[PDB]
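We begin with a single chain expressed as structure tokens, specifically the form deposited in one PDB entry.
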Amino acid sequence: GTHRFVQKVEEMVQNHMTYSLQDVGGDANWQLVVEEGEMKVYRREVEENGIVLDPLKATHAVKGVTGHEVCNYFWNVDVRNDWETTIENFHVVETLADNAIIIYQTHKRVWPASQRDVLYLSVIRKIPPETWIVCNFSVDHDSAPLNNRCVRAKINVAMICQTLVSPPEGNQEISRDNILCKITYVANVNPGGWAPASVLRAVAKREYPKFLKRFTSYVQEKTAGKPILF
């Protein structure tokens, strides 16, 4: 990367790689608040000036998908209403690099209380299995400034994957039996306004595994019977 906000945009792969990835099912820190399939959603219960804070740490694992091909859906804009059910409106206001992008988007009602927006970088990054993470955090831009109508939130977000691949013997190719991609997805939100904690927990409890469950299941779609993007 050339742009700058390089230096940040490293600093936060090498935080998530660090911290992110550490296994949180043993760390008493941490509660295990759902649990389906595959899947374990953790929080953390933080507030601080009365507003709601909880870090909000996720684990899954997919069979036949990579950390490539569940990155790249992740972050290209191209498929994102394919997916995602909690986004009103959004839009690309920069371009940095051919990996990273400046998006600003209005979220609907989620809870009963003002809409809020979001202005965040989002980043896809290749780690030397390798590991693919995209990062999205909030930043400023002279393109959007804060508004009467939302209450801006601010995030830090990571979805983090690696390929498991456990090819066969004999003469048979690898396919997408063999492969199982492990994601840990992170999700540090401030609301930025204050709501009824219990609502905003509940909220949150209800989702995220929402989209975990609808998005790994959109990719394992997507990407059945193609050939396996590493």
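So that the term is clear: the rigid core is the largest set of C-alpha atoms that superpose within 1.5 Å between two forms. Residue numbers count along the first chain shown, from 1. What changes on going to the form deposited in another entry:
- Here the two forms are overlaid on the core, and between these two forms the C-alpha of 147 is the only one among 89, 147, 143, 76 to shift by 2 Å or more.
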The other form holds:
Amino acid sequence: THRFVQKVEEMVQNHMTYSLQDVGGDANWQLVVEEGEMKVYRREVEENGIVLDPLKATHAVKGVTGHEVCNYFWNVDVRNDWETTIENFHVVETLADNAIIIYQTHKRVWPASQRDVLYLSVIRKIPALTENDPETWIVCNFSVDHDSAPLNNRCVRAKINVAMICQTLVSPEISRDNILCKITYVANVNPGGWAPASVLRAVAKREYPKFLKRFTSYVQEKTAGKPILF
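Since the structure above is the form deposited in one PDB entry, I would like to see how the form deposited in another entry looks, so please show that one next.
Coming up is the bare chain, nothing alongside it.
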């Protein structure tokens, strides 16, 4: 029990309530890019001329579990292996074995100024609602304030609320051949400051599918031929 346990519970529960709902019957979501089971949706939203466009994606990854996907998403020691848009990151505070506060800077995308972020990152297991249902693994990354925040005069401070939500199906020794992880990934980013709307939309449209294809392939790569961590 650290000082964020209640805020964590609330963000996690809001994701479980709202973020998992199916979009596809929902015309409010624009399906922007499909590549197989990878589907990436946005809503076009701006506040005081700043693009906020909610991002929502689903995916189905053969051969890995939700537990594994989330550990790898969460574990700072493998970040450099799959991240391509980060210039620097620092762990600012360890809250618990499942929660940390991270400071990170993103590579500049010309001509906007550089962005930095300060966020709590927590990984959690949500037991099945009934023995009929899937257990779920979630990572939530959401912006928080911290006294130890770096001074970075190059950077505008972005605010994020991101969740990677994972459910695992097995069609039955259980083999990697028989496992499928369904991912829901949501990212609500306020970039701060101003940035050209066209720049923000082009960076999102390029970087989110790249990230999901890349990150998920990395998890397949690292886990293959290892005992399955359900």
